[PDB]
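S.K.: If you want the building blocks of each chain, they are given just below.
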Amino acid sequence: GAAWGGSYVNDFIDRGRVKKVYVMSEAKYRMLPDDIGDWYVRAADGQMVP
Amino acid sequence: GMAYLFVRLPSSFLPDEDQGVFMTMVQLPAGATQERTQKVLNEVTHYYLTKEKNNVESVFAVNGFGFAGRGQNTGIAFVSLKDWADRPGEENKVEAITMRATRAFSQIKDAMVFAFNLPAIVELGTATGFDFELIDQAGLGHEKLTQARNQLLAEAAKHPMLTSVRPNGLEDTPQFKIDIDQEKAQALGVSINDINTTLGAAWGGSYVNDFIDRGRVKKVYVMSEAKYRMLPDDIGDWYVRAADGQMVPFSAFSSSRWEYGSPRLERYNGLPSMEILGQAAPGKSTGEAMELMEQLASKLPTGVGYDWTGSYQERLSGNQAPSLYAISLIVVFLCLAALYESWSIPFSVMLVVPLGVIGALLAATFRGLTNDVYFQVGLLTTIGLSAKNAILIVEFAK
Amino acid sequence: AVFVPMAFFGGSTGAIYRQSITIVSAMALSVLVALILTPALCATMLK
Amino acid sequence: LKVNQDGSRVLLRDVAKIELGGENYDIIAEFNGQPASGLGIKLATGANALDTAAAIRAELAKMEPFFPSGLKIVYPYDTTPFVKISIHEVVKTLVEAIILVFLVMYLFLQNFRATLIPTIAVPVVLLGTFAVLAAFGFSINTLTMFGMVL
Amino acid sequence: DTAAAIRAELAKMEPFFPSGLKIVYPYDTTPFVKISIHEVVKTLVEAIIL
Amino acid sequence: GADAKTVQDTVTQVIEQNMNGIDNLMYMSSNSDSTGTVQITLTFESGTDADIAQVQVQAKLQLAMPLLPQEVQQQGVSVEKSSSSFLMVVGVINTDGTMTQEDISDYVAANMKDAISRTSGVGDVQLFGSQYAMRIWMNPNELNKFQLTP
Amino acid sequence: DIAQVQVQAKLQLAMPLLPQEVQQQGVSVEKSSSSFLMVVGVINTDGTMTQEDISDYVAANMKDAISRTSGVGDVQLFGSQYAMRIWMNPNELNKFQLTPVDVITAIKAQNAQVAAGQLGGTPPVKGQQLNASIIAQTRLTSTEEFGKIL
Ligand SMILES: O=C(O)c1cn(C2CC2)c2cc(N3CCNCC3)c(F)cc2c1=O
Ligand SMILES: O=C(O)c1cn(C2CC2)c2cc(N3CCNCC3)c(F)cc2c1=O
Numbered sequence: 001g002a003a004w005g006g007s008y009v010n011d012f013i014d015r016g017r018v019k020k021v022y023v024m025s026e027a028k029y030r031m032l033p034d035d036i037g038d039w040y041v042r043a044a045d046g047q048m049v050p
Numbered sequence: 001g002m003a004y005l006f007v008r009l010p011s012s013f014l015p016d017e018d019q020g021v022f023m024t025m026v027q028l029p030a031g032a033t034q035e036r037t038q039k040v041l042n043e044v045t046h047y048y049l050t051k052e053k054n055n056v057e058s059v060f061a062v063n064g065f066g067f068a069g070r071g072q073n074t075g076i077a078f079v080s081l082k083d084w085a086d087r088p089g090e091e092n093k094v095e096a097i098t099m100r101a102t103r104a105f106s107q108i109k110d111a112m113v114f115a116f117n118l119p120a121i122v123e124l125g126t127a128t129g130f131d132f133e134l135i136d137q138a139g140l141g142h143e144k145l146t147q148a149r150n151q152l153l154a155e156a157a158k159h160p161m162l163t164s165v166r167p168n169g170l171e172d173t174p175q176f177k178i179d180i181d182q183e184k185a186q187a188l189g190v191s192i193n194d195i196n197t198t199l200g201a202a203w204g205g206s207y208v209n210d211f212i213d214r215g216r217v218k219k220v221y222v223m224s225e226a227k228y229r230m231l232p233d234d235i236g237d238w239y240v241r242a243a244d245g246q247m248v249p250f251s252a253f254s255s256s257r258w259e260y261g262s263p264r265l266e267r268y269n270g271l272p273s274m275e276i277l278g279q280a281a282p283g284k285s286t287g288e289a290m291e292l293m294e295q296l297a298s299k300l301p302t303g304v305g306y307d308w309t310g311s312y313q314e315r316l317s318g319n320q321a322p323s324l325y326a327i328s329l330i331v332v333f334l335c336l337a338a339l340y341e342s343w344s345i346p347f348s349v350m351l352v353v354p355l356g357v358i359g360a361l362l363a364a365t366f367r368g369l370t371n372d373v374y375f376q377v378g379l380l381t382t383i384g385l386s387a388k389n390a391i392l393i394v395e396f397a398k
Numbered sequence: 001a002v003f004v005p006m007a008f009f010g011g012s013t014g015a016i017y018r019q020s021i022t023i024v025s026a027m028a029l030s031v032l033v034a035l036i037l038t039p040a041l042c043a044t045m046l047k
Numbered sequence: 001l002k003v004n005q006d007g008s009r010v011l012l013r014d015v016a017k018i019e020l021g022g023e024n025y026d027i028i029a030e031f032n033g034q035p036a037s038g039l040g041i042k043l044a045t046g047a048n049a050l051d052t053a054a055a056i057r058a059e060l061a062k063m064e065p066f067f068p069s070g071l072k073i074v075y076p077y078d079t080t081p082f083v084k085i086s087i088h089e090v091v092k093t094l095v096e097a098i099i100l101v102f103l104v105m106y107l108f109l110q111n112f113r114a115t116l117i118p119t120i121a122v123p124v125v126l127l128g129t130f131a132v133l134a135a136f137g138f139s140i141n142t143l144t145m146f147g148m149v150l
Numbered sequence: 001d002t003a004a005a006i007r008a009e010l011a012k013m014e015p016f017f018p019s020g021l022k023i024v025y026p027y028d029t030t031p032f033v034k035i036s037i038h039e040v041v042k043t044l045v046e047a048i049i050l
Numbered sequence: 001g002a003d004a005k006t007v008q009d010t011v012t013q014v015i016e017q018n019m020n021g022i023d024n025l026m027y028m029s030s031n032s033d034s035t036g037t038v039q040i041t042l043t044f045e046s047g048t049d050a051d052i053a054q055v056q057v058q059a060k061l062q063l064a065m066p067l068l069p070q071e072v073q074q075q076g077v078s079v080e081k082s083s084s085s086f087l088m089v090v091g092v093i094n095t096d097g098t099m100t101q102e103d104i105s106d107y108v109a110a111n112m113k114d115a116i117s118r119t120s121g122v123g124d125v126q127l128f129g130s131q132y133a134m135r136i137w138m139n140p141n142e143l144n145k146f147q148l149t150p
Numbered sequence: 001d002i003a004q005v006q007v008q009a010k011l012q013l014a015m016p017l018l019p020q021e022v023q024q025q026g027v028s029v030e031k032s033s034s035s036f037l038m039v040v041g042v043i044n045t046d047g048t049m050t051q052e053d054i055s056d057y058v059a060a061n062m063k064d065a066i067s068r069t070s071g072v073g074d075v076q077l078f079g080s081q082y083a084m085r086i087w088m089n090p091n092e093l094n095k096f097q098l099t100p101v102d103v104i105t106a107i108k109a110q111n112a113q114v115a116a117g118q119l120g121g122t123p124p125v126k127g128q129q130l131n132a133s134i135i136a137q138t139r140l141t142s143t144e145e146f147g148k149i150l
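Protein chains in written order, with my numbering: chain Y, 1 to 50; chain X, 1 to 398; chain P, 1 to 47; chain S, 1 to 150; chain E, 1 to 50; chain H, 1 to 150; chain W, 1 to 150.
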């Protein structure tokens, strides 16, 4: 959700005015079906899982 | 004469009356305490009791609440004057009472105490008075806006048919920043959550949960015994718990240092701003003062505009009075023709006008009154009584 | 129209040069009372 | 809070003082150097003022009887009686403007009944004017009462 | 009247613009109203004249 | 607890860039004190109906309540009709069975304050003291002695 | 004026039954008129900038003023206001053994404003000389400071 669609995390301050901070991904890791497996979640036991 | 006795006659809006009730406010300098301002409100109560028993029925001081805003730096005594019968002279009436009250508080004190009258009205319409406001339009900050306003208050006081000008909202006092080095914290095993609710729920207090006292639901608050949160050195007395079961002081990860800020950040219309509260000169009057403050605002640095908070939107003996009086003639003539038929009758009634006016200006200008609202309606009552008397002279004779 | 034109108000001084009208109502009632009534009483009884 | 190893109990009072006190210690008032609180009511941007202040006494009056021993109400800073003075020193002024006129009518015309017809031709007009301000929206104001004198 | 006050705020904003920033006006209803008065009150006047 | 800069962009600014789409408006001003308190005035035209202008303003603040701290949400947020000035100020003291400037302030706010503010269209009421609260003064020396935190 | 309010005082009873993503996003109840009128374009000439630099300046100086001015219904930005944008690389994420959950947690901790109390308040010890506000965690300001989050 926070990689492909983006996620509104928290507010910051740019040049006096309070704006937003967003988190998503470099465009190339989320264009087609095959880039789903590029993301590795962390499981309990310390190792990565695709 | 009717001209000269009118242009020179000054312009007010409404009399500042004795209202059987006035008050007086208190203000202490950079970072004073509740114990300090209480000393000043105490001295104030004695002028109104020991040196003013005849005229003051009561007093209602309030520590740490000015009509500017709030904080332990402020105060306000609400006075209730004895009834009007027991106060005989001008001596024992607000103008005189607040005169020698202000003198007493400026003589045997070292803070900032006044004693203002009780308008009626609202805060506005002071007459020979304005309310400027200084905006940071561009992407400057607090430090750059403060400096620009100092230049506006200084250029005002370095070439004044003068002017008086006063900020008195921002004061500008220090602040105790605590830099929490985050790499030091998570090394020894303390969460940054735990740390922030230790410093926050100890020094500032934290609304935890509701309970019930004697039927009514009230609040439960959590903070600290006062003595463990008075000065800088008591930060290290608090020990947070780290993951591994052992205690860790604040001095471990924290770092103490002072820093200049402001206890009253104001903002006008979505943008940062600072209030300027100058009254017009005793010679000049408003329209002149405001326009000789506008060319001072355009001489200021970049990204610094202005806007007039905010007094008024169009005044009364100013602009308005004309337009109304204008039409008031336009009709008077018309309807003196709807019953008369000529081009002579109306003129007769239409120059009695100044007969009754030079008399009104005489009394007004002579005694210590002025062109306010009540004068601006006794005027129109008189053109009604002038056409009256006259119309009789005309009608009967015609 | 010495009065009501001045009772067309302008801003915070709204009900100020306004509530004339209070005194035009008074004018038209004194005209009324005098166009009616005073005629009556005067005739009805005087000397 | 805790049960330390040996079966000892750490309670909330064992770590902290516990007293029943206010939720905010920023402000505390004194009525003539006597410890006091109070309700400082402020108006509601269109409210009827002296009618609103009459009903501040309404609730307050039903509260008085169930007071602890000593609790008593006092009245500093109060606007209400200024209104009572602007009626009783305006409707009094009103009455003096007749009384004085009454003489001018006798001075010029010794006929009694003559000093009477004009003395009825203004009390009536006064009242008719009250009925028009009520019908238009206005109230008995300090301003509209000065318009009964002028 | 609302569109006249869109210029009100906009006019106070112009002076504090970075170098290059300039306002332009596409899609605007305002001057259609100026034509429906000056070609109606003109029509009015011609209906007298004639 | 929050300082002047903290409230300035966590509460104040959030509301200011969400105070739009409202009928009638001359200007907006604001304060943000170091005592953790913010207060905005949206002034309208001459006699703009305050019954609806209040509502429009407080139905717009609501779209920005989720973007504020959970500390400010559970604290008193308010949209009220103002009149920069008091009128009735009912002081409250003790005579016989003497009590403190804290005992009296609670009784004012737990019997007669809630009635006053709802009665005859009161704008807002300012307590001159504070309502009671289960106050807890944590000692940090008897906190480290049993290994604990707030 | 009232039909808008009734509608948005009914949406409020259903805000808690929506996602927390939608609550913290822009919910709105506005007066509509399917059609524009004034459309003020904004470009650059001399010191040329992008279709992104201009869109931020529009929404950070002049957009908030327009929408509140002379009863505007709603305003549609033709671009977007600036935001601290973060483009997560998943290859340099698996290389240090991490997830976007750890990225998000690092911003809701280091990028935050905390409400520390104040020296000398609130109920002090009778005799304190000073009273100043404590500052703590300050919200980040620049792209560089967001690069140095641990
Ligand atoms: O600096 C200040 O805080 C004040 C300054 N001034 C003088 C103008 C510079 C005041 C003047 C007041 N009155 C002047 C005489 N007519 C009635 C109003 C007043 F009531 C209060 C203040 C201040 O609080
Ligand atoms: O905003 C206000 O305070 C008022 C606004 N209006 C206009 C309607 C928006 C008034 C209109 C009045 N009259 C209109 C013409 N016929 C007689 C009544 C009036 F007497 C007072 C006011 C206000 O006080």
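Careful, some of the hints might be misleading.
To be verified - Okay, derived cross-link-like pairs now, EDC-like style, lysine to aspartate or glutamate, Cα gap no bigger than 20 angstroms in a straight line:
(1) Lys2/S <-> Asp244/X
(2) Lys62/S <-> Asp114/H
(3) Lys219/X <-> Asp114/H
(4) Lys82/X <-> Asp131/X
(5) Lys51/X <-> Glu91/X
(6) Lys177/X <-> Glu145/W
(7) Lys126/W <-> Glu71/H
(8) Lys144/X <-> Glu26/Y
(9) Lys144/X <-> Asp9/H
(10) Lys63/W <-> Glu17/X
(11) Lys17/S <-> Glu225/X
(12) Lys218/X <-> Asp14/S
(13) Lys218/X <-> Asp96/H
(14) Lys219/X <-> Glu89/S
(15) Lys28/Y <-> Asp46/W
(16) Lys177/X <-> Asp9/H
(17) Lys2/S <-> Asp307/X
(18) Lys219/X <-> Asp26/S
(19) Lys227/X <-> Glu89/S
(20) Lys126/W <-> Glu91/X
(21) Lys95/W <-> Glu26/Y
(22) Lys95/W <-> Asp38/Y
(23) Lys219/X <-> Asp9/H
(24) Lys63/W <-> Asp14/Y
(25) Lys12/E <-> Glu90/X
(26) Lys51/X <-> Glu123/X
(27) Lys145/H <-> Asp14/S
(28) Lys227/X <-> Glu59/S
(29) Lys22/E <-> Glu92/W
(30) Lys113/H <-> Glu59/S
(31) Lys219/X <-> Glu102/H
(32) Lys93/X <-> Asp51/S
(33) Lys81/H <-> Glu92/W
(34) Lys81/H <-> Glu71/H
To be verified - Covered by chain S, according to a simulated footprint, are these stretches of chain X (three or more residues, beta-carbon under 8 angstroms):
(35) 20-32
(36) 42-54
(37) 67-81
Derived from the structure by calculation, the hints contain no laboratory data.
Note that CB positions come from ideal geometry on N, CA and C, so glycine has one too.
S.K.: Does each hint hold? Answer for all of them.
M.R.: Do the hints match the structure? See the list:
| no. | hint | in the structure |
| --- | --- | --- |
| 1 | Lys2/S <-> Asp244/X | holds (18 angstroms) |
| 2 | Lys62/S <-> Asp114/H | holds (14 angstroms) |
| 3 | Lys219/X <-> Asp114/H | holds (16 angstroms) |
| 4 | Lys82/X <-> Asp131/X | violated (34 angstroms) |
| 5 | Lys51/X <-> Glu91/X | holds (14 angstroms) |
| 6 | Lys177/X <-> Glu145/W | holds (18 angstroms) |
| 7 | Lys126/W <-> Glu71/H | violated (29 angstroms) |
| 8 | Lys144/X <-> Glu26/Y | violated (37 angstroms) |
| 9 | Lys144/X <-> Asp9/H | holds (18 angstroms) |
| 10 | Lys63/W <-> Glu17/X | violated (46 angstroms) |
| 11 | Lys17/S <-> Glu225/X | holds (8 angstroms) |
| 12 | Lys218/X <-> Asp14/S | violated (24 angstroms) |
| 13 | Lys218/X <-> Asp96/H | violated (28 angstroms) |
| 14 | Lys219/X <-> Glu89/S | violated (50 angstroms) |
| 15 | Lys28/Y <-> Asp46/W | violated (34 angstroms) |
| 16 | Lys177/X <-> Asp9/H | holds (18 angstroms) |
| 17 | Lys2/S <-> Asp307/X | violated (60 angstroms) |
| 18 | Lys219/X <-> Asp26/S | holds (17 angstroms) |
| 19 | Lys227/X <-> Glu89/S | violated (59 angstroms) |
| 20 | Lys126/W <-> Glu91/X | violated (40 angstroms) |
| 21 | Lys95/W <-> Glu26/Y | holds (16 angstroms) |
| 22 | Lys95/W <-> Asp38/Y | holds (12 angstroms) |
| 23 | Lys219/X <-> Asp9/H | violated (27 angstroms) |
| 24 | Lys63/W <-> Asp14/Y | holds (17 angstroms) |
| 25 | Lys12/E <-> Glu90/X | violated (50 angstroms) |
| 26 | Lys51/X <-> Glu123/X | violated (30 angstroms) |
| 27 | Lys145/H <-> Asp14/S | holds (11 angstroms) |
| 28 | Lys227/X <-> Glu59/S | violated (42 angstroms) |
| 29 | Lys22/E <-> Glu92/W | violated (43 angstroms) |
| 30 | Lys113/H <-> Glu59/S | holds (10 angstroms) |
| 31 | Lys219/X <-> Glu102/H | holds (15 angstroms) |
| 32 | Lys93/X <-> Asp51/S | violated (28 angstroms) |
| 33 | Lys81/H <-> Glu92/W | violated (56 angstroms) |
| 34 | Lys81/H <-> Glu71/H | violated (24 angstroms) |
| 35 | 20-32 | holds (count 3) |
| 36 | 42-54 | holds (count 3) |
| 37 | 67-81 | holds (count 6) |
Hints 4, 7, 8, 10, 12, 13, 14, 15, 17, 19, 20, 23, 25, 26, 28, 29, 32, 33, 34 from the earlier list are contradicted by this structure; the remaining hints agree with it.
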